[PDB]
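The chain below stands alone, shown as structure tokens; this is the form solved without adenosine-5'-triphosphate.
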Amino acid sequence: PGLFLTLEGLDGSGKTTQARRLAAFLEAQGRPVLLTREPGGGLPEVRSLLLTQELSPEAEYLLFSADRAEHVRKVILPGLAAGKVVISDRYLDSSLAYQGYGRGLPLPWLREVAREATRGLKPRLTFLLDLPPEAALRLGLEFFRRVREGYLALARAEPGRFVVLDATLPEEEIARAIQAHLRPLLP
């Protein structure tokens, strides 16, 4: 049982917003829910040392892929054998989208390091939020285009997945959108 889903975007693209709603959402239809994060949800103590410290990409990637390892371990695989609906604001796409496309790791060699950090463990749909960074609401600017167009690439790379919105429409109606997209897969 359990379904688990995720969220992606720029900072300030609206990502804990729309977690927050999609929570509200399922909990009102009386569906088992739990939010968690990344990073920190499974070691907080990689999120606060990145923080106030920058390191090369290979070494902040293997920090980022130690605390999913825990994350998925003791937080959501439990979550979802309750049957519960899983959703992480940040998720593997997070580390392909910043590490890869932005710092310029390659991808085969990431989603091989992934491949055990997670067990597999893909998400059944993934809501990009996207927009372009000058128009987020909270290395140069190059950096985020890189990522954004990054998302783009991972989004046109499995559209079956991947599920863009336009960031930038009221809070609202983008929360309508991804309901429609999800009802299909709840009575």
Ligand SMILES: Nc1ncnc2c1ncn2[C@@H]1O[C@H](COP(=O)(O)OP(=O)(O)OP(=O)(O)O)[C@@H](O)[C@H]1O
Contents of the next structure:
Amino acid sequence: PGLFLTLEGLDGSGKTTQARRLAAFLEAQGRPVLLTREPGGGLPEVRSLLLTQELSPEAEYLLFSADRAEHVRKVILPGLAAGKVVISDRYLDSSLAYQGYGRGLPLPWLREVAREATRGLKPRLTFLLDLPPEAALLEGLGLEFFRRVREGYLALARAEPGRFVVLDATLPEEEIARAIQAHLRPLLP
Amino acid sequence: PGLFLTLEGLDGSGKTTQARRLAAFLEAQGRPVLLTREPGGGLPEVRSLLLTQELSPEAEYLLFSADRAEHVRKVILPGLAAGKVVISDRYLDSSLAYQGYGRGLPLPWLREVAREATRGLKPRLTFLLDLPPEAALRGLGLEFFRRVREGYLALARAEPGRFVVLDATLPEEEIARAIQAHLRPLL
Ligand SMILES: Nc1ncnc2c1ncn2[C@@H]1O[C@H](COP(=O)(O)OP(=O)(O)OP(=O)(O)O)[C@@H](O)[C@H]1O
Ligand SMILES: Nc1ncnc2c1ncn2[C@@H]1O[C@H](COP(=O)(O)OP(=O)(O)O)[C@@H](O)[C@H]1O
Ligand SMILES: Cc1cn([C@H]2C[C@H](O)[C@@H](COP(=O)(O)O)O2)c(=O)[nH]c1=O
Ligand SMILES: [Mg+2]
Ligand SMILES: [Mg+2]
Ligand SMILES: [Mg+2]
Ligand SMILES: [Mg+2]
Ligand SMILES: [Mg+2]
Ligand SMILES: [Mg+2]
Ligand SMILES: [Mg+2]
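Following the display of the form solved without adenosine-5'-triphosphate, present the structure of the form deposited with adenosine-5'-triphosphate bound.
The complete assembly is shown below, putting the previous chain first.
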């Protein structure tokens, strides 16, 4: 059965911090956990490709999608099948926010690509660490871009209000962790 | 104006040879020409990575699509915009034949991915160099290659106004002369 959880937010919003704290927290409860990440959980060498100068946004998304396809097939679905809690530090929503709202690619196309790439796999909960855009720190990742991405993430959360849990990324680390834990307690068990 | 042409077929069907001969013919006529190829015309690192990695068909297609997206935008469209005849040794049909018919991915999905990746750019003519896998120059493993060969033939019979199918086992010069005869009305 398993449980699929993701962390999302701008660069520097505390995703990795919270994903790792959550993994350790759940491991301490005796739960089998698999901690993974994008980009690179599927095809580690995609990280080299993604640094290529002057990439079209289309090519950028297609690279993230290639990694995502491998990631879902070889890592996430097998983890879930073994009954693990699988936590991914970034997932599809990162592409929707960055390549969609940030770069301007059409969301329906992103979703059509993803439908095969992800085999339709959706997280049960997505913890969005909402960070002011000026605090964030690929090419052209400036303030205008980060404002679009930040608001994009908030739009995705309003559209799927049961899946997304929106948290103020500027709260103390331990307060955010307790909030994440509270949202999880009824799901585990 | 610009004119976009592609060559397709199995590895060892004579694509590079005929692409070279076609560009030479065009050069002899004083017609500006650009020769290119996939994979690697957009992102060389995709070609070299996939030399030594086995991926799911979906991931493979998506990497080839990233390459193609760069190839179209950075190489092909600018060549066409300059009025060149651009000849690509492999294009979208390669992914449809290999990842679609060969490895089983659904063609409508492949085509929806490609719609943005290629900006809808389609060749005016595609020369398919057809031969059985056992005739490609340079039991159970041959099944994949027969799916690809048959897939190419399926693509060709669906778009007879775009594909020209040639017997790849003919002598080189004769194939080249056939390509020239098909191309002459379009210059
Ligand atoms: N709640 C917080 N308050 C203040 N600083 C934090 C908080 N959480 C994490 N940090 C610090 O912010 C920085 C970025 O955190 P982290 O690497 O977890 O973010 P991220 O979202 O994973 O970034 P990236 O997108 O670059 O991977 C680190 O220096 C980290 O210690
Ligand atoms: N019509 C032909 N007859 C005989 N040999 C050929 C012919 N066309 C190409 N060759 C030779 O066959 C091999 C494969 O040709 P090549 O153009 O590299 O095919 P591809 O690019 O499709 O793999 C090369 O060694 C080439 O010299
Ligand atoms: C997973 C993913 C990340 N990104 C960006 C966020 C970061 O700037 C960069 C790498 O992610 P990371 O810094 O969290 O490892 O890639 C996208 O633009 N789209 C995606 O789909
Ligand atoms: Mg954020
Ligand atoms: Mg991080
Ligand atoms: Mg995707
Ligand atoms: Mg997510
Ligand atoms: Mg072959
Ligand atoms: Mg060749
Ligand atoms: Mg494509």
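Numbering follows the first chain given and starts at 1. Just so we're on the same page, rigid core means the largest C-alpha set that superposes within 1.5 Å between forms.
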With both forms fit on the core, has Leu51 moved 2 Å or more by CA between these two forms?
-> yes
